[PDB]
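Only one chain is shown below, in structure tokens, and it's the form solved without the ligand.
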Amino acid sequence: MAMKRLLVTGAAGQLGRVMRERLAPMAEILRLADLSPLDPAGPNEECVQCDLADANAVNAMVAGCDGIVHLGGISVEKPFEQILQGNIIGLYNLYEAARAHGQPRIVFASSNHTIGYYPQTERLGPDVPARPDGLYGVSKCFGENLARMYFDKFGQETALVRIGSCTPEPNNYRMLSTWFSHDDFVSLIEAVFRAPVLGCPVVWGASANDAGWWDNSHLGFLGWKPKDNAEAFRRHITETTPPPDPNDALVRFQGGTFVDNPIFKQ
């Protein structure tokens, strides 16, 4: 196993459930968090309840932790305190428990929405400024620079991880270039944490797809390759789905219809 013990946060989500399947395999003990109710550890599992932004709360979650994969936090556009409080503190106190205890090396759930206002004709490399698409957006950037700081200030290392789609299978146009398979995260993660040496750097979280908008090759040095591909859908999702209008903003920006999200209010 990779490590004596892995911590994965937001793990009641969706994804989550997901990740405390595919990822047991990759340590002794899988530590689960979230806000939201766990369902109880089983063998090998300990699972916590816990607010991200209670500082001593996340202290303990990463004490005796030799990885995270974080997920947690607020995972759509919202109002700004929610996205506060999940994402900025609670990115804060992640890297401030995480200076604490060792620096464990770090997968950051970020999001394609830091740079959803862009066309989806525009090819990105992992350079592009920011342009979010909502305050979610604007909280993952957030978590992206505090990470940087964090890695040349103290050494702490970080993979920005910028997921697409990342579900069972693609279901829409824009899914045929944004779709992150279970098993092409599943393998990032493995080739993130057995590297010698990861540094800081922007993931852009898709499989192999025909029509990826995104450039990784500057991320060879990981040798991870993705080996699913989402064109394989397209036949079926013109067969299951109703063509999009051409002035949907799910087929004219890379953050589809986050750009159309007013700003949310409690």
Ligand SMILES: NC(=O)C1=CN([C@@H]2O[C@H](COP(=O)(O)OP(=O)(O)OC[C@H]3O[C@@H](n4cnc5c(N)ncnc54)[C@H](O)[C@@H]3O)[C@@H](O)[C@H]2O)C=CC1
Given for the second form:
Protein chains: 6
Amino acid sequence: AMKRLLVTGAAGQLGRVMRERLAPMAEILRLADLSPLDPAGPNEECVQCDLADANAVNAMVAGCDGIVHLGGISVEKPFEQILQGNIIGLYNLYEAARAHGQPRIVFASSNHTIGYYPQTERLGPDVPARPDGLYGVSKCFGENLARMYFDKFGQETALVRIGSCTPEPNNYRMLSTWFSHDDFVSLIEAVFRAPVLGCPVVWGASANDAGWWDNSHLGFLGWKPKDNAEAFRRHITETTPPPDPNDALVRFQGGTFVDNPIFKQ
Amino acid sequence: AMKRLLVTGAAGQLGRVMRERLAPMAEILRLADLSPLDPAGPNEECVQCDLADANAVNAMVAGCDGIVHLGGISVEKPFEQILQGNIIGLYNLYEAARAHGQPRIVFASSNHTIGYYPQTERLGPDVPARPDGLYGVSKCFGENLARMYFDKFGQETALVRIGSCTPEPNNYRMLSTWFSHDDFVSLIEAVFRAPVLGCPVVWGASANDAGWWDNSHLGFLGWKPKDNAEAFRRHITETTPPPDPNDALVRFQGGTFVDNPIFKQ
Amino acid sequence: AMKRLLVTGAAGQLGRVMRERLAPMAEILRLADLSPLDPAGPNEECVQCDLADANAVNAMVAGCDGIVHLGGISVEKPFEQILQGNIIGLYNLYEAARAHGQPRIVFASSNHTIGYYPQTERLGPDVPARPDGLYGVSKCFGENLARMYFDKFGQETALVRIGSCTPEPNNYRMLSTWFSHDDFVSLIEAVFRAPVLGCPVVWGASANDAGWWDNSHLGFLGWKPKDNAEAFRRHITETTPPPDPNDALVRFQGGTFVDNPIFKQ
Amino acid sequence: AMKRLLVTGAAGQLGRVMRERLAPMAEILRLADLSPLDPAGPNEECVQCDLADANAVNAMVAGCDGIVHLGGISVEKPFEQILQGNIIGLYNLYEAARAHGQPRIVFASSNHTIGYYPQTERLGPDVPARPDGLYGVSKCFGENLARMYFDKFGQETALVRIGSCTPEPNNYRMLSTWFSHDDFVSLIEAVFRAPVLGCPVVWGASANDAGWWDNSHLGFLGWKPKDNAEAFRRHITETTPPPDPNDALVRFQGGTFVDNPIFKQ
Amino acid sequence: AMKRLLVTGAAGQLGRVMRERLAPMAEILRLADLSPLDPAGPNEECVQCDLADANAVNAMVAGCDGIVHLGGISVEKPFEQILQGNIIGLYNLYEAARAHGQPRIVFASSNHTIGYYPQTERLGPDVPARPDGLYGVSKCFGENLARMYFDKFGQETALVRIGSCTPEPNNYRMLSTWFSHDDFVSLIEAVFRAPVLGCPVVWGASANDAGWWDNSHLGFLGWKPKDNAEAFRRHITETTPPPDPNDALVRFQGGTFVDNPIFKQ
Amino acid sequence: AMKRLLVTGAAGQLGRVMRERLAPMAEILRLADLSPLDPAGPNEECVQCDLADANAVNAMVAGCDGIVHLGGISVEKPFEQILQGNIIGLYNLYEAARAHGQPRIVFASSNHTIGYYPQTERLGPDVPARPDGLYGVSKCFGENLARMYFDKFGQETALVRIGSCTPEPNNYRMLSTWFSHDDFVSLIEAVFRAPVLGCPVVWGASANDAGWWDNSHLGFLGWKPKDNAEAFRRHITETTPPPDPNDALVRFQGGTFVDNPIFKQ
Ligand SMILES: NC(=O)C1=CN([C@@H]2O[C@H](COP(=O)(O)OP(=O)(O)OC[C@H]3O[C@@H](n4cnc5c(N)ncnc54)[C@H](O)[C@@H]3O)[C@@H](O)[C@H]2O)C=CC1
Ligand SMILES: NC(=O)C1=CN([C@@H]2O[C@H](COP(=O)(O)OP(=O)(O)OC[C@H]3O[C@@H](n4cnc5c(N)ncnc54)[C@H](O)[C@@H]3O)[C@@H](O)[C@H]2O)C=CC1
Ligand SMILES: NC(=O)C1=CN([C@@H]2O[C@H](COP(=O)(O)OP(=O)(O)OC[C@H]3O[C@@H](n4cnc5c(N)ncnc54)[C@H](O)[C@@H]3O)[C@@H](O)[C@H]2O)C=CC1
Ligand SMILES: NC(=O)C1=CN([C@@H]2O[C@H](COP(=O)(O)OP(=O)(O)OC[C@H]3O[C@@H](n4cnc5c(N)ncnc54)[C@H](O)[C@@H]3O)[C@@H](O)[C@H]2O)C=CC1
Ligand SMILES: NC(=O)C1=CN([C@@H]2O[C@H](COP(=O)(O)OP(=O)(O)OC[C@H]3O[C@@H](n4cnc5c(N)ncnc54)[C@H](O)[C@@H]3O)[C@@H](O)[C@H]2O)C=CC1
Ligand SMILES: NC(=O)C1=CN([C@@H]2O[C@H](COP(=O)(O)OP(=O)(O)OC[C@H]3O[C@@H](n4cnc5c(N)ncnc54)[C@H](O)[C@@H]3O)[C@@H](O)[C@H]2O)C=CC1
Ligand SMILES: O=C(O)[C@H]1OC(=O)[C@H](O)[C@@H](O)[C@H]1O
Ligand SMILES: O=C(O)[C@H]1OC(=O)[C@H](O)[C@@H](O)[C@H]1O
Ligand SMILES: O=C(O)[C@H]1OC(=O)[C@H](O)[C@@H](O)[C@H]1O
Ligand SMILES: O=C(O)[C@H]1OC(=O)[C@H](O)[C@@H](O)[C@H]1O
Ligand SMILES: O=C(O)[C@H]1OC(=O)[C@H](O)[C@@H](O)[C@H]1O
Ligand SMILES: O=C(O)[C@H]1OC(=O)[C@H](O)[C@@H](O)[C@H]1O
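Since the one above is the form solved without the ligand, can you give the form deposited with the ligand bound too?
Below: every chain and molecule of the assembly, starting with the one above.
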């Protein structure tokens, strides 16, 4: 398909998955991370750079026809680290894209943007943010920044609020939040194939019977996830303690992130 | 089941399909069009007449237990043609029905009633009209008139906003708008079998993954389309040039109709 | 405010009021009607013609900087008459405007576009039309046509759904529908001063305690009606017979129009 | 799932089904009814008593881990009888639950809480009640009371507005209201397994093509009905007389209950 | 105007006010209460009776052209008292009205029907009930019953959810809930004068700046309260201790009723 | 009232106004800014500190019972400066408050959080953000951060999206966006007096006839602005050129901010 697809955060959990899974989407896959990467194989380029380094980011993006942006701080951490990877880093990514043809972006946002909602409430894409920590707040920043770039310059971005992207559901919450590898891959393919995308909020979950999120307004994209966490309900009962009804795990959409304090360095 | 079903526009694309598919629905199928009709077979009656001719429309409707109204100007044309076929014609149709037992009507409205909406916007049945030309405006007229006859006299009509009712999806837009022959046929069956219909807006599309329209409020009818344009995405990608993101074809729900000028004779 | 303002339907009830009240809005007031006009005074031009005649409408509009479109059939009548003044006439008006610099239009639409709603239901501008006769259907046509010209060519129109524009309220329904001369004049002023108008639905009523309609989304125009029909309640109670609860007058927003039959020539 | 499950109304139509179908859900099934119960088998306890008698209800509930509350007056009857089983009985049940560890409750509410809505209107869980008789009003009382106990004490209840829970659909209305035994059993299972339930309104219907009700906001429970009344349409069409369009059966969601008078003792 | 107006609860706080204020509304005022009533003056009739006594309620209502129903248990009490006065009592009232020409009813419902909502949430008339006790639940019963009689028989009722109808606002909550005597009186006048009423929910509050409730949909009645609790903020600040932010008084719309236990005799 | 009120940005435009206007609200007014302040008068303390300096911010806040946070970058600027004053600075402010009793905060947010909405659209507090530059994005950051602190720790904040806080409206946009000094002062007083605030979005505008924003859901606060920009419409026509309809000034709620590029250092 496209000539060069950039995957940031390529040394991380989802990154290593996409390095393999997204290979067929582009002639060249460019992997990037602040961490060392397994050496480039055929049809790969590998880049080491800090998202906080504007010039390095510019060079990282130059020549790419698309970006799957997975790089950054992925859990609650002290402000200083989140500022670097998720705030400053987002600005640098969007400036870099703006300078190099505005390649379409799949932004790994997070359920933690809305982590304080009760699990009993079904959410559409326009609900007000209720971030469950500094991490969630920084993902909101990425979303607001992407939106401004879309309105101002036409830069297109899929704001994918990922639930739990794992090999399989492994706790009660994931019966709702699970986002299979296959379904995330198919979403990415649907996002790049669209003639027109805009800057939509996308709920990153598989077709789970217990899902909390409404993607119906994204119908124009033609993406229907195929996996269903519900198949794993018995597996969960036979491999974990039953949740305590007072556990954040079953009370808040962000689960135990709500229990995180403000971490300090 | 019913004694006599009138199909107008019977010489056109859809009319020819329905002349065949709807036969099982009535002892007699009365076919009508302004254009020459293939001669009547057994259990058929053929009438060639102009919808703008009130007396002719009266005789066309007399003795009919139902009407599938496909007849009229079907594309953007100069005002006078549309006035005759779609405005005067609709008034004549409704008066004729009113004088002859108010046979239930399936009205072929159009997506062009809402053609100026962006394709990214999901639409429910109550959205304000945004017609994309004189043709669209005239289909709005049909919907408004039918509603008035419903409220005033109890005349029942299904206002079917047809997307693209063709043998197969042919382009990117039809991945959203396609309305299979089978699904239109089952809709008509569902409309006529209903003890109570009212005057509902019905979105005329199959169960397409990329559909833009929400038919959920029509649930009482018990009609669920079974076809899905998504099955053709690959095929369309393989046999047609990728749309330009600036083409009305992938920007507006009415596709290229928004680009139509006002046509003059 | 402007060089020349066209007032159509200038011989009619509202026309005669606006001929006097709108004089200060332009250097020249052009008055037009199908019927004879009192002779042009200083600062006036008068033209007698039929909206159904394109050449005449073209001349009527040429050189005008704005149009207050009051001309047309104003009550339920046979379809033939409505077709001329309200359907053909509207097409002609919009084509003439399009050929002559797209002067901003105040369109006299009508409450009868929604006449079948119960009086107990409060309506915002986006409710589905429920016209109470051919007249109401024809005003819907005007709205649909104007919206199409706005979306296609940028022609701006205020779709004013007039309640009862009279010297004073004189029945129970008018405690809700009354639209004072002063408040209609001020709306017209606010419509023409606006740098940007669009094609908004506007509910044409004064600030009546018993009003049925919500103009809040029109706030950007900065128009606040100042009269209030409520002040006339006692007068009406003493001057008129109490309404029968089964009377259309107190059951439908369109009042007795719902009781109109289809009139024939 | 639990040590002891109480099933009230166990002698009635649904009671007899649940006595068999819910056995696997608990070590001990306690069956209760005003009327005589078939003798307790292994793993059963049986208690015959009136919900109107607090001491008896206290004993009935004590030691139970969950309650499926089917007991009460199930059709329109004189107020006196409804008062006992459905009003006084409900207060007693909730007080007994409050005194005995607040075992989770599945409440058999009813479609008759909203029986006066037209069949053409799709309903979400928050619609205002429109009860079609004293019976419907009494089920509303149950819902209101349960909600109060939830907000005040945390007592959790599933307010199941049952459509028509029968072996199969046997009339036109049931194509929309049918609630299969299997789907009710699976709902009960999903209600009791949930770590958190709250006090949700639940529409009690299978996955019928012609369904009137929207359970989407209940998604967090992970319950998806699997049966579909639509499969019985032909059978019903051939086995029963076509409904008269003026019949309450096809006009109101409560069907013929709207035609019930107020019955007197 | 009307021949005879029944006021129940006439011995209570509000009843005493209305015995005086409503006199001008009818030739005869029939006052009723279970408690001793001051003896009847000219143009008065006094009846001392229990609402739970069906025969008594029948005679109380017979010959009355309207009813202001203030009678019943007015605070949280044990179930039996509320059952008699507010549940059995309401059934009796509605049956009595049904047997005697369906005199229009002003029903004193209560804010306690929705007492568990946060004070920060603005409420429209269709919000789901959240009663804060047995008293609240019983007022819900009244609303549900009245609605059923409306739908089934056409009996009209104003369901007035009274906030705090007192001579003046006394505390912080009353800055939002206050309903002046004058405004309640004008509401009642507006209710009875209306040709068509229906069975509307009415929020019983004056035009308070800090009001929580939206009466806009009641516009057709033409009732606009004129008093405003805000005028008393200073005074309340000056003469009462500032509320603790944790007090139900400033946390829940039902104020301290949420803190009520279930009272036993 | 309170002992010590902090006003940040006290050397700026609004700061100098509030230094004077808010004096009566507290025994001690503490003014802070990165810029030099006019020396402390009686009942004033003056502090010089960079919002980016965590320790200085801690000391700035310690001992204050309330904060009006006006300090930060107030217009579109390069990222580096906005990062310091509006992002890092916001984190430091919220940490400082959290360490010192969580004094209630009035946050100067901005209309520029929603600057890309058309002026024709009326906005409620829950609309999705559409920031019109880096500045707007940073105000969104402050809002999301404040919300997280509220959900996590109970920190209360008024998120005041200020329109144009000036001595008087001085262009066409300000007929909609004007926020008088008096009305901002009264809002601040209303915010601090509330027993319960939460973390509400507040639209910072006076009671302008041409206002675009809906504060109705904030009714519980009891704040009604008293000034009206509409009084200044003639003043505006007589002191400025009429707006060009294509000017951002009359097309976007953020006015010419939409025209700002990304500024670089
Ligand atoms: N795993 C899940 O199910 C969910 C993941 N997400 C997110 O999607 C993405 C991938 O998540 P994971 O793979 O699980 O996290 P990870 O922590 O396994 O991947 C993150 C990568 O980004 C890199 N990175 C961090 N700071 C950087 C910087 N300043 N410059 C350059 N690279 C930097 C890391 O070295 C790393 O390999 C993240 O942005 C994350 O927030 C959101 C919701 C759920
Ligand atoms: N095929 C599609 O995808 C869509 C179809 N529709 C519509 O449903 C109907 C059928 O569509 P098509 O078969 O594709 O169009 P067609 O142009 O192939 O069928 C229309 C027929 O009506 C006849 N007709 C035109 N003016 C007449 C008059 N004054 N009096 C009597 N008959 C007259 C024509 O001769 C013709 O055969 C139309 O009313 C049309 O607007 C609306 C949206 C999409
Ligand atoms: N008066 C009211 O309260 C309300 C008025 N309206 C409307 O606003 C307008 C003015 O209403 P009125 O003054 O009461 O009606 P009118 O019947 O007193 O004024 C209408 C005028 O248009 C003229 N006209 C009719 N057909 C024409 C044609 N084919 N070509 C050129 N002129 C033609 C008539 O000769 C006439 O003087 C109308 O469009 C009407 O429908 C809508 C709602 C309420
Ligand atoms: N069967 C259906 O499709 C629907 C059923 N429901 C309801 O679910 C429940 C079961 O319905 P069915 O089995 O069809 O009714 P049923 O009339 O066959 O079962 C009700 C049982 O409760 C008992 N009962 C009545 N008053 C009592 C009292 N004062 N104390 C103790 N027990 C008392 C009866 O003796 C009886 O066996 C009821 O609450 C009913 O209202 C609601 C909607 C539809
Ligand atoms: N005053 C307020 O702010 C609010 C008042 N309301 C209500 O409006 C009405 C009047 O309220 P108040 O005057 O403050 O209460 P009240 O307790 O001063 O008036 C109620 C009257 O009904 C009578 N009553 C009680 N049980 C009866 C029975 N079984 N049969 C016949 N009469 C019976 C009482 O003796 C009494 O005088 C009530 O129905 C009440 O619930 C609701 C919300 C607020
Ligand atoms: N003036 C208006 O009508 C509107 C104002 N606002 C806002 O409300 C506030 C006040 O606005 P103005 O008075 O007009 O702006 P200003 O630019 O006149 O006031 C801002 C002050 O904050 C200070 N500041 C900047 N960076 C700082 C830092 N790193 N550490 C400590 N102090 C720093 C400045 O030195 C300055 O005096 C701002 O936060 C602004 O964004 C929002 C919408 C409209
Ligand atoms: O909610 C989750 O499952 C996850 O969401 C997050 O955004 C994380 O990156 C991740 O590791 C998880 O904690
Ligand atoms: O959207 C469509 O495919 C169609 O719209 C219309 O309503 C037509 O009848 C048709 O021929 C098409 O161009
Ligand atoms: O509703 C009304 O009062 C009026 O509305 C209409 O549109 C008319 O033009 C008029 O004369 C009235 O009948
Ligand atoms: O609506 C139904 O089919 C049923 O609903 C009811 O609530 C009954 O219990 C029942 O027997 C039926 O009449
Ligand atoms: O909220 C109120 O002020 C009242 O609520 C109620 O409905 C009462 O009748 C009353 O006495 C109050 O406590
Ligand atoms: O929109 C405005 O008027 C203002 O809004 C802003 O947020 C600014 O601080 C200010 O100076 C203005 O440009």
